[PDB]
Amino acid sequence: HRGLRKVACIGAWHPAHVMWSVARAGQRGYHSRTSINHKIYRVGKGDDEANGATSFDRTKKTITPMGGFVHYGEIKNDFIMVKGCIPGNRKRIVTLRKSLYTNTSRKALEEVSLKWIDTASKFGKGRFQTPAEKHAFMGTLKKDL
Amino acid sequence: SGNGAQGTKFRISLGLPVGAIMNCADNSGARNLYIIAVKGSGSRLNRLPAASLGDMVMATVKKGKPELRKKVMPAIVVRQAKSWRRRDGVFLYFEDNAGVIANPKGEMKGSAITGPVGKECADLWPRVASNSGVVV
Amino acid sequence: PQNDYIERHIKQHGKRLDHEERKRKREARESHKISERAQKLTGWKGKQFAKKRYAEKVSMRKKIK
Amino acid sequence: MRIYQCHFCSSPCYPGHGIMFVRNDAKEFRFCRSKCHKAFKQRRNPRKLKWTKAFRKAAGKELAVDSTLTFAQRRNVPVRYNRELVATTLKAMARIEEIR
Amino acid sequence: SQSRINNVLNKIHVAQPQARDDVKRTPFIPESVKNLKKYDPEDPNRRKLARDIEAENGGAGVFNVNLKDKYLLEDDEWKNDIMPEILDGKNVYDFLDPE
Amino acid sequence: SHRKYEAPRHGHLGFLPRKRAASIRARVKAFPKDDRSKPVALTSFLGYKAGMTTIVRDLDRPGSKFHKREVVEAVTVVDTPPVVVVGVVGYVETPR
Amino acid sequence: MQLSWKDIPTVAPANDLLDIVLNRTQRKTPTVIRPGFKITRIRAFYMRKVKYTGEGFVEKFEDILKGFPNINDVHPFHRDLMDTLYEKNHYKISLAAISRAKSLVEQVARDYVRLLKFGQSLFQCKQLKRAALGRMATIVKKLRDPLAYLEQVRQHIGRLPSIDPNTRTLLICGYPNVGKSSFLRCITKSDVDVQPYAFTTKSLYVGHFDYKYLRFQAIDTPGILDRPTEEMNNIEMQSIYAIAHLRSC
Amino acid sequence: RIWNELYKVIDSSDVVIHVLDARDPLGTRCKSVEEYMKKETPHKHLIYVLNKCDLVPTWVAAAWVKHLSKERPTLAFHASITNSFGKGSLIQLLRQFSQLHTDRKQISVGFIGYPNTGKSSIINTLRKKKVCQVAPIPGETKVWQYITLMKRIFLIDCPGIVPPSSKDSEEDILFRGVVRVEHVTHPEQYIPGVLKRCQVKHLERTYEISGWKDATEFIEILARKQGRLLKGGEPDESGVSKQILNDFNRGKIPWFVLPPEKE
Amino acid sequence: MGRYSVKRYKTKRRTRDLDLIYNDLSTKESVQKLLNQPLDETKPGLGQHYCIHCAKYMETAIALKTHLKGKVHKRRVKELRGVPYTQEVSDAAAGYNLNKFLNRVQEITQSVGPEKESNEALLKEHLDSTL
Amino acid sequence: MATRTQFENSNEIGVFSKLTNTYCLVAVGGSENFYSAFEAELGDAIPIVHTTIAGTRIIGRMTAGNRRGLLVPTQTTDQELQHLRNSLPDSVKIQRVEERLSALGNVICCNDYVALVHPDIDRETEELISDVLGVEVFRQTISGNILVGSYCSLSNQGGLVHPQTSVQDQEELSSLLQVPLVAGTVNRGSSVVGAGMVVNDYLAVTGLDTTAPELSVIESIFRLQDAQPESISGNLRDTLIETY
RNA sequence: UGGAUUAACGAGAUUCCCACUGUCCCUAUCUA
Ligand SMILES: Nc1nc2c(ncn2[C@@H]2O[C@H](COP(=O)(O)OP(=O)(O)OP(=O)(O)O)[C@@H](O)[C@H]2O)c(=O)[nH]1
Ligand SMILES: Nc1nc2c(ncn2[C@@H]2O[C@H](COP(=O)(O)OP(=O)(O)OP(=O)(O)O)[C@@H](O)[C@H]2O)c(=O)[nH]1
Ligand SMILES: [Mg+2]
Ligand SMILES: [Mg+2]
Ligand SMILES: [Zn+2]
Ligand SMILES: [Zn+2]
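Residue numbers (the entry's author numbering), protein chains in the order written: chain A, 243 to 387; chain B, 2 to 137; chain C, 2 to 66; chain D, 1 to 100; chain E, 350 to 448; chain F, 2 to 97; chain G, 1 to 249; chain H, 210 to 472; chain I, 1 to 131; chain J, 1 to 244.
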């Protein structure tokens, strides 16, 4: 009766009030968070060709995935590669502050040495990292002859 | 956890809640199993305890050797049939859920396990890595 | 350890180098710690303490008589 | 770091893409994506689906038995990491791609 | 007991069979172990014994061991190099082979 | 009457009120404190969040299960062109 | 159990047992009831008090019963050992006293609760509560001597060693001051007295030693004087029962 | 809840009738209640009625009484609403017992025993109408009740009791009908028990059954003959086991056990 | 995604991956072994009367007698016709281990397939002789 | 030279180590205590290799090899294949296998002259083992127990089988092997014998709680300590029949 | 001791097994 996606007993007899901790409905999202201790994997130069290449991949490719990021253009300037997620959606301005103390966790002292940077398409289930690869795999098409 | 599980076990998906009926994998004679509690579970209001691959549960033979019933024995899952994520990224999964019977320290009841066995489970328990023939 | 092992130990090695000046001072200070526990120790630990000390003083008066 | 060919799509599947199913016969079927995973599940024929290399390479489309296509055997004798050998390999691999 | 003697006859009676052919079989002892002098826990002139390395570097859960640095190539200089492992596609190792 | 079965509270009360932020540029509220003998150095930097991709890195994490093994995991890409200085501002400490 | 029982909790003396169990029923039960509540609620309050106190005593006792090594019908060597040690008679009769007391307090609770379900006022039920609890209290206050005995038997038998009756043994015996313990200390890793006086030990001391990769236990005994088997000691009858039951060199 | 009504009828009864069943008196006595009765109220004398006698031939119908009458009345009597042999030994014994208390103005007497032994049936045969329900279901009557007959001998019955011992049985607990066979999830794991209890002749004569061994083969035989097959083709083992145990209880399979014989 | 495909081809409702089937059909001893199959009691027909091309236990002699003469079993008979799509098909259709592909298809086209077809013939004759 | 030790805190040395007369493979878990105990007596004579098979620590029961060469399972990656390759010298013909069953260490117990094999090994492998390992193969089963790898240790001196090996089957196996056999038992009564110890022509490493009786019997059959050549197995008959 | 123990049918009352499932673990998404 009268709703199921709610809370049944929002209060005891006494008090005759709803307490500030009963968790009612209202605006979700658009808050202002602060995650800490995100590791910086790669500081990508902006003039450089072959960013998305490592000491293993050694195939010349830039970090923009095929057809650019989604709802965002392509990468051209200097960038930061952070392990994990980060609050806020794409296109949004983020601030990066530095650590407020001296972290004593070996995850703060270790050296990262990447092996391969996925650059497939994010717009649909892509499978080739470069358009050169796509072409080599599919072979010629009706149009190019 | 459980005793005899060598090393720490990371988290993989939880495919077998309590009430599941998996298979018996070894040649101990048990034909299938029933899960009645999973050892090392958490504690959360309403959360059904659930078992993963490599976990040690408390099973009962629902049908099997006529001379094995009415008791509850420690079992160890070796297949899962719920896509868990290997670390070198690939979500793999198996064909059915199956486990083997072991005495609480971790030692096999039977003698040889038939069918592929999870690499994670075999790594965790060193007495499956000895009585198994097909490690995934 | 088979039998009276701590006693064999005490006779062979001894006690802490200061187990005597700690016991002595503990004793001399118990006289102070009795009144502290009587002016603190609210709420039924104070009742148990008072009844116990009454028992003790009664027994000592019995004994000296 | 061992790029695999989808068992159905024959595409490449890079580390972190697709699903793998392990049969009780211990054969690991890798899949490029869910399209091919679900078609496998429904038991269709990758040699009768028109869009897949199994059908093409042996249905009259792009050639198969080629002198370029004999350098990609799975090596099971791993010798020695010679640096000049790696150098010649790196040249020859791009040479092969262009010729084929 | 007269049911345990026969039971332990298994481990008692162990066969020295007849070699069942003309071929020979010998223990292969390497020359490399002969000159090898046994190890001492006390004497200061004991081997370096990489436990000493991980202890003095060091830490039983912190020593980042060099899993390279002991393997046998032509020149050591490129023992601390990298295998490419991939190219524009088609993982390198599958094309790698002599000639 | 008391509660029969116990369960932790639903939600976190440190993050309240759950209301829209005051701006899109969320503000920094605390800065790495100081040291007047280090060389001058910025403590913050603002950029733009652009997508998220995947990575495989070899792990040198001694005493871990994935020591000397590869590991795949996600990364975010933030798009940070050079930032350019246009002003300075000085703050004095008052008993307020 | 067997082989150096050290798993027996602790026998708090009767005043301490009273304290422990009564304070516990005071702390781990609600203690505010008002004359105004429903007579059902009052009856329930005091019922719970009585039943809980009963359970607490009963577990305190059931622990001792299930703990002690049960002198008779264990193994003749140990049976006669705790005979010569802790007086078989007193042992059995004390533990029996404890079992009787356990039954008594179960009965006290199970009568007074059947009563309380007929109380008609806070005062009637409060009087029943005090009555049942006071009866349990005297029942336990009787147990002064058994518990004072059991504390020392526990702190003794815990220390008491563990010689398997059947593994390869080696008994060492003779007169005081001869060299029993000299031989033991000189043959196997132990700590047994060597000082130049008669009864340099007073109980059975053990020491293992290996031979043909196998385990052999050696047992030094205090010894025997002349003592024409009429007058002896708990010192001597230990060696007696040892040389009797244990079958080795 | 049950032992309450039990002592209610023990106390409101002027005498007690401890109904046994003919097929297993030594297992459905398990007294530990007569010890209490004799000592707390000695003036009630614990008549015995060995009900369902016909399932025990006249031979054992004599053997099982001959060595128990040396304790109590022990009138073995199979009950039936038209042909109840054994009633003409007790309908007048209890009545003379009623006359004995001629300064009571009445008498009230009560039935005790295991469930599914026949107490409601005995009321109904001594009254001649179903004033209480008869039911093969073990726990049919769940509350005591007074019943008027002869306007002097009031009758009462109580639900069945089981002296709570954690010993000596689970299988014979299931073999006495005290728990319904729809409340056990393992019904085929006791068919070996029935096949070790009862012998093979009447097993063969009942259904009849295929020539067989091996209670598991016995159950598959039962089911393939009865058409109790599920979705291909493994048949309804739970269902056939439940039927075999309903047979066992209701007495559609002969069974008994033998005491020291005729001396 | 809707209900038919999922509540039919679920991981609890699998068939037996006809590469295994074709393997089991190639070799005569496997044919005879899976054809005799000492009596078990769970499988619906109880062992006998079982189609080796499909993987199903027909209940009775008459049931299999009709099953063989149908469009389902004929569909699978034609499904099992050529090279059964090993993983090497999918890995050589991308220019990899093409030599292993060629050796395998050569064996099937020259050495194994003849015996396979001969054995399905003999098995048909045996099914008749029994039926 | 019967040098008991312990992987991190496990007695199953055979599932975390692989030992032979020319090299050793040890897992890379945790710390250099296990490997240091190995290098204590193995020293610098034979190459040791910190390694990993298919990204696990259980290597002794996934690989299988003798001094002629090594044989690694399918799911080993090419990177660690290359690591092993560089680590060992040229003689050890490392080679992958394509197989139905990965745990080769449990289905082939082998030494430098002959290798018993689980019954359902394939023919390609049945001849591939001859190709590289340099032996002759016989499909067998150690007293019913399939998986001959973890239920019969072996060296060039003698073999140790799990205690339930019947006498006649033991005679058949000893005829197959032309070398002695003893129905052994390790680690306070662990039937799995090959998976609780690793042994070769100059050494055997077994668990810690492997008691002195069992240590002594295997020492007598493997002729490690100087010198116990298989007659001391009959010398110590004054103990092994009393202990049972 | 001259009035007594049952197929079929059932929106009759209760208990159970198989199939099956978002009832639940533990929720998620779409349409009007
Ligand atoms: N010089 C010498 N003295 C010995 C020898 N054996 C025994 N003794 C003497 O015996 C003494 C040993 O005393 P214990 O071993 O304690 O004899 P005990 O007093 O009967 O020992 P307990 O029965 O355990 O109380 C030594 O101090 C020696 O004086 C021996 O071989 N050489
Ligand atoms: N063959 C035979 N069956 C009887 C006899 N007496 C009773 N029965 C049957 O057994 C069942 C026993 O149920 P009840 O009549 O209620 O007797 P009960 O043992 O007291 O059972 P409850 O009253 O439910 O506790 C009855 O339904 C009858 O169907 C008898 O004397 N012979
Ligand atoms: Mg002395
Ligand atoms: Mg009844
Ligand atoms: Zn497609
Ligand atoms: Zn068919």
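Read the hints as simulated data drawn from the structure, not as lab findings.
C-beta atoms are modelled at their ideal positions from N, C-alpha and C, and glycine is treated no differently.
A portion of the hints provided could be inaccurate.
Here are the computed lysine-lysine pairs in the BS3-like style, where the Cα-Cα straight-line distance is at most 25 Å [claimed, not checked]:
no.: 1; chain 1: E; residue 1: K417; chain 2: F; residue 2: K34
no.: 2; chain 1: A; residue 1: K303; chain 2: D; residue 2: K48
no.: 3; chain 1: G; residue 1: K102; chain 2: G; residue 2: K126
no.: 4; chain 1: D; residue 1: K27; chain 2: A; residue 2: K376
no.: 5; chain 1: G; residue 1: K141; chain 2: C; residue 2: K64
no.: 6; chain 1: G; residue 1: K38; chain 2: G; residue 2: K51
no.: 7; chain 1: D; residue 1: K27; chain 2: I; residue 2: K65
no.: 8; chain 1: C; residue 1: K63; chain 2: G; residue 2: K141
no.: 9; chain 1: I; residue 1: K28; chain 2: D; residue 2: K41
no.: 10; chain 1: F; residue 1: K5; chain 2: A; residue 2: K281
no.: 11; chain 1: E; residue 1: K373; chain 2: E; residue 2: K387
no.: 12; chain 1: H; residue 1: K261; chain 2: B; residue 2: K66
no.: 13; chain 1: B; residue 1: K71; chain 2: H; residue 2: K376
no.: 14; chain 1: D; residue 1: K48; chain 2: I; residue 2: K33
no.: 15; chain 1: A; residue 1: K248; chain 2: F; residue 2: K69
no.: 16; chain 1: I; residue 1: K71; chain 2: I; residue 2: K116
no.: 17; chain 1: G; residue 1: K51; chain 2: G; residue 2: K126
no.: 18; chain 1: H; residue 1: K339; chain 2: B; residue 2: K63
no.: 19; chain 1: A; residue 1: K357; chain 2: F; residue 2: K69
no.: 20; chain 1: C; residue 1: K48; chain 2: G; residue 2: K126
no.: 21; chain 1: H; residue 1: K410; chain 2: H; residue 2: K440
no.: 22; chain 1: F; residue 1: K5; chain 2: F; residue 2: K20
no.: 23; chain 1: G; residue 1: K28; chain 2: G; residue 2: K189
no.: 24; chain 1: G; residue 1: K38; chain 2: C; residue 2: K52
no.: 25; chain 1: H; residue 1: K422; chain 2: H; residue 2: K261
no.: 26; chain 1: D; residue 1: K35; chain 2: A; residue 2: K376
no.: 27; chain 1: H; residue 1: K440; chain 2: B; residue 2: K66
no.: 28; chain 1: B; residue 1: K63; chain 2: H; residue 2: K405
no.: 29; chain 1: G; residue 1: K88; chain 2: G; residue 2: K102
no.: 30; chain 1: A; residue 1: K302; chain 2: A; residue 2: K287
no.: 31; chain 1: B; residue 1: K10; chain 2: F; residue 2: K20
no.: 32; chain 1: C; residue 1: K46; chain 2: G; residue 2: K102
no.: 33; chain 1: I; residue 1: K12; chain 2: D; residue 2: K50
no.: 34; chain 1: D; residue 1: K35; chain 2: I; residue 2: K74
Derived Cβ-Cβ restraints for the label pairs, each shown as a range [claimed, not checked]:
no.: 35; chain 1: G; residue 1: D16; chain 2: A; residue 2: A254; range: 53 to 61 Å
no.: 36; chain 1: J; residue 1: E126; chain 2: D; residue 2: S67; range: 32 to 40 Å
no.: 37; chain 1: H; residue 1: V388; chain 2: B; residue 2: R32; range: 40 to 48 Å
no.: 38; chain 1: D; residue 1: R74; chain 2: A; residue 2: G381; range: 22 to 30 Å
Outcome of the hint check:
1. E:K417 with F:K34: 42 Å, violated
2. A:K303 with D:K48: Not satisfied, since the Cα-Cα distance of roughly 36 Å exceeds 25 Å.
3. G:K102 with G:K126: 24 Å, holds
4. D:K27 with A:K376: Violated - the C-alpha atoms of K376 (chain A) and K27 (chain D) are around 28 Å apart, more than 25 Å.
5. G:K141 with C:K64: Cα-Cα ~23 Å, so holds.
6. G:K38 with G:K51: The given pair, whose Cα atoms are some 20 Å apart, holds under the 25 Å limit.
7. D:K27 with I:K65: With a Cα-Cα distance of about 35 Å, the restraint between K27 (chain D) and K65 (chain I) is violated, given a limit of 25 Å.
8. C:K63 with G:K141: The hint holds at about 22 Å.
9. I:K28 with D:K41: 30 Å, violated
10. F:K5 with A:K281: 44 Å, violated
11. E:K373 with E:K387: It is violated: about 31 Å lies between the C-alpha atoms, which goes past 25 Å.
12. H:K261 with B:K66: Violated. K261 (chain H) to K66 (chain B) sits at ~38 Å, over the 25 Å cutoff.
13. B:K71 with H:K376: 17 Å, holds
14. D:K48 with I:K33: Measuring from Cα to Cα gives roughly 33 Å; hence the hint is violated.
15. A:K248 with F:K69: Violated, at roughly 50 Å.
16. I:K71 with I:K116: With a Cα-Cα distance of about 22 Å, the restraint between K71 (chain I) and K116 (chain I) holds, given a limit of 25 Å.
17. G:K51 with G:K126: 14 Å, holds
18. H:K339 with B:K63: 43 Å, violated
19. A:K357 with F:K69: Holds - the C-alpha atoms of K69 (chain F) and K357 (chain A) are around 13 Å apart, at most 25 Å.
20. C:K48 with G:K126: Cα-Cα ~21 Å, so holds.
21. H:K410 with H:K440: Distance of about 33 Å is beyond 25 Å: violated.
22. F:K5 with F:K20: 33 Å, violated
23. G:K28 with G:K189: 51 Å, violated
24. G:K38 with C:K52: Violated. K38 (chain G) to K52 (chain C) sits at ~35 Å, over the 25 Å cutoff.
25. H:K422 with H:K261: 30 Å, violated
26. D:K35 with A:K376: Measuring from Cα to Cα gives roughly 18 Å; hence the hint holds.
27. H:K440 with B:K66: OK: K440 (chain H) and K66 (chain B) at ~23 Å, within 25 Å.
28. B:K63 with H:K405: OK: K63 (chain B) and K405 (chain H) at ~22 Å, within 25 Å.
29. G:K88 with G:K102: At roughly 21 Å apart (the allowed maximum being 25 Å), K102 (chain G) and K88 (chain G) satisfy the hint.
30. A:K302 with A:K287: 14 Å, holds
31. B:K10 with F:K20: 40 Å, violated
32. C:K46 with G:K102: Given that 25 Å is the threshold and the Cα spacing comes to 29 Å, the pair is violated.
33. I:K12 with D:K50: Given that 25 Å is the threshold and the Cα spacing comes to 29 Å, the pair is violated.
34. D:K35 with I:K74: 28 Å, violated
35. G:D16 with A:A254: 53 to 61 Å: Taking Cβ atoms as reference, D16 (chain G) and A254 (chain A) lie about 43 Å apart, which means the hint is violated.
36. J:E126 with D:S67: 32 to 40 Å: This hint holds: roughly 34 Å between Cβ atoms.
37. H:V388 with B:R32: 40 to 48 Å: 27 Å, violated
38. D:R74 with A:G381: 22 to 30 Å: Since the Cβ atoms of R74 (chain D) and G381 (chain A) sit about 23 Å apart, the hinted range of 22 to 30 Å holds.
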